[PDB]
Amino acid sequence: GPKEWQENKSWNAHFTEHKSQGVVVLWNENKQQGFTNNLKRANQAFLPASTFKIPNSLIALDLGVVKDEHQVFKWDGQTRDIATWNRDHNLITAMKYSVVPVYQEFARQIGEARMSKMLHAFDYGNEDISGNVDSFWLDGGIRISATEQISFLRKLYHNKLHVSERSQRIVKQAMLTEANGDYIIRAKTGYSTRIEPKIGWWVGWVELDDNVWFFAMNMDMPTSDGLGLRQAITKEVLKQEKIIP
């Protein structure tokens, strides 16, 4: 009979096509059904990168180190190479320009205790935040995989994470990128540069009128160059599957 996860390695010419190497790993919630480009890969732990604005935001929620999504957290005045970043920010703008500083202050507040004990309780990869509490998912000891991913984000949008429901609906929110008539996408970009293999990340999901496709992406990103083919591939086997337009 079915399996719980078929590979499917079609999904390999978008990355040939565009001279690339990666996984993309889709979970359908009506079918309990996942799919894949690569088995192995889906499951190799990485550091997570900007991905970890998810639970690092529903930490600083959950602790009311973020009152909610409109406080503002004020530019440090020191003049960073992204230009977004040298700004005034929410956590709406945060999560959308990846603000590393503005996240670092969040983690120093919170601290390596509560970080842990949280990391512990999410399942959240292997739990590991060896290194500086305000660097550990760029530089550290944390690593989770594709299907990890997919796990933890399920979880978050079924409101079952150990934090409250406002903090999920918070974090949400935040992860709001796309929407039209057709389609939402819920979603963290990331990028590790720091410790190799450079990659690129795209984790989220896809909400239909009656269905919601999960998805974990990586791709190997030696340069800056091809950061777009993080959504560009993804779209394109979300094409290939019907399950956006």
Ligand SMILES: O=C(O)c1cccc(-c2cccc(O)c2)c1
The other form holds:
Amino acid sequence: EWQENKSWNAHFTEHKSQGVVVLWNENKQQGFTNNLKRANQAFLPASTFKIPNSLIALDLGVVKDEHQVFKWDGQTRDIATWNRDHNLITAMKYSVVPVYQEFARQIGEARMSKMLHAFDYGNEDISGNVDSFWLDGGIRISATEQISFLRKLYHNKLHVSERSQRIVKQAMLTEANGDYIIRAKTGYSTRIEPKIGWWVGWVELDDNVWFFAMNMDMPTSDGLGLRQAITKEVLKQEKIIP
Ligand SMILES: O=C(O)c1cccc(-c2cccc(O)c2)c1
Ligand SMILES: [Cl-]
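How about the form solved in complex with the ligand, since we already have the form solved without the ligand?
Next comes the full complex, this chain leading.
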């Protein structure tokens, strides 16, 4: 069911880093990773939490649809793309934390906790501030747990409406061409050690789907581009994409 190939560690060590990639072949029901231990180590989800947060906001009516405009609050932040109006699509694309902090406040502690339990999401623990627990609170999730959650979303099996799941999968759209479609979300966790970057999602092919979840050490922001580049290089090496 699960295969470990330690030779794949080279994808990370060649960049003076360390990390884990987890792949799941949906047709064959088989998983692959460079490091079984780290595949099951739980980290802060950081901005990968925008996937469940979006689902909950939509299903409760906090967010009406993917066109609703969330107005900039006029506070200048250090990320230029955050200092503008957003909808669900662009808020996901630019990982706009302050928009999702407001989602969480309107959702509230009680409904957030119940929905994460219903999703079987990570350790299901929202301890901390309701508007920041995915950045510096008690919630934790592993790469293998991310895949389990993403598989439910793909199949519309999460305990929210089909509509809510379709909208979030639209907002996850990252890349598409004649050969494949990638739906995914990045994450960048800095407030609790160890600092890591995430990329989780899946690759749609004509006749199969490959789920993936990766995290890697991220001592500075200079390496953030490695999250997608390394993942895509693994996918190419395993002949999942050209
Ligand atoms: O990697 C990203 O998609 C992303 C999107 C928005 C903000 C950031 C970010 C947040 C904090 C420090 C930093 O250098 C970059 C990263
Ligand atoms: Cl789409």
